[PDB]
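Below: one structure in structure tokens.
A selection of the complex's chains, in situ.
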Amino acid sequence: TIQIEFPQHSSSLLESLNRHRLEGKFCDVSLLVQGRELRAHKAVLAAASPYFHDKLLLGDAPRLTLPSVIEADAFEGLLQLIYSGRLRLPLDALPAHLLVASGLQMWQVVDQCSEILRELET
Amino acid sequence: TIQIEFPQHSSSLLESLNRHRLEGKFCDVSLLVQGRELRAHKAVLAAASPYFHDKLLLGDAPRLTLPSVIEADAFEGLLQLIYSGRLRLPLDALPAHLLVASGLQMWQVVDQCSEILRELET
Amino acid sequence: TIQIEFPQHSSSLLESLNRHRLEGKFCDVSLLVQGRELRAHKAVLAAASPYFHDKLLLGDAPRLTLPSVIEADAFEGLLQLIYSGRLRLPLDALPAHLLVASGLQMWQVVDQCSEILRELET
């Protein structure tokens, strides 16, 4: 019996996924955030975000309008993180991003961001 | 046709429910937060919190263990707010509560807390 | 310390709960009135009616059949009031409803209905 592992398979898959998202390829849902329309694929969002998970499980709408409180720019940063595992932002935007991240129930990211804010205050 | 309105009907009912929860009466769910057990009623929590609502809609467990990141004290303050509409806390504790509130999708409360924090910064 | 109040939180919550009851969501008790089955939530009924309160405290049955003397129409009107705060009925049906209200120990409602009946008599 054989076991094969490709450590960078996942990273390549995520890069290609993000690329297609940018290319607008195979996107099946449109997200309206403060008037900004962003296309994405439902399965990845549901698998990545428990909020989106339940959202999809309960409602099969091709378009989802997010709460007005959710900032479009912060949402774009978290979407980039979702499709890259990386987040670059200005310091002053950390709270807003953090806030939205909490709304998406991303507790590992919330933990790290809270740790970073605490480190900054100290 | 006659019209009757009870402005304090809702407040009286909420107070009754709150006191019931306090005494442990008819509580049907137990919430574990960092080792702290807090009893509450599933219907009230689902009706008040979309997060709680979908969670219940998806899982009918008498006991729910919250993410370790959720602090017991902030959660207890938010629960008393849920069952009273009022929140009293120290200034320095405003962030933590806010974090938890965002996880529970209380967008009016999140807005108010963010505005207050911004006012404090100024 | 900050204090936040949302005057319409309770009313919106009661509207949502009423819709759920109609939608049959999370309803945990079935009320049989003269052969007619009407679904409702045990917690709401106990909180609203001291009669139901004690009844549930003593008996945890998913189905409750009320005495045959209780008219179905009065019961649905009172249920609409309980889950909406509103009651619309024909004048001649006021006594029956009143009677049922007394059985539910709604003394504010019983008082107001008696006053209205007295006004009609005068």
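Going by the order they are written in, the chains are A, B and C; count residues from 1 in each one.
Simple rule for what comes next: a residue touches a chain if its C-beta (ideal position, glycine included) is under 8 Å from a C-beta of that chain, and two chains touch if they have at least 3 such contacts.
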(message) If 3 of the identical subunits are displayed, how many subunits does the entire complex have according to this structure file?
(response) 14
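Going forward, only the chains that are shown with their structure count from here on.
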(request) Chain touch graph shape: choose line, ring, star, complete or other and state it. (result) line
(message) Averaging over Cα atoms per chain, report the distance between chain B and chain C in Å.
(response) 26
(request) Could you please state the distance in Å, as a whole number, between where the Cα atoms of chain A are centred and where those of chain B are centred? (result) 26
(message) For chain A versus chain C, what separation do you get between their C-alpha means, in angstrom?
(response) 45
(message) Can you tell me which positions in chain B touch chain A when the two form their complex?
(response) 51, 54-55, 57-58, 67, 69, 95, 98-99, 102-103, 105, 107, 110-111, 114, 117
(request) Spell out the part of chain B that touches chain C in their complex, as residue ranges. (result) 1-6, 9-11, 13-14, 16-17, 20, 26, 28, 41-44, 46-48, 56-57, 81, 85-91, 94, 108-109, 112, 116
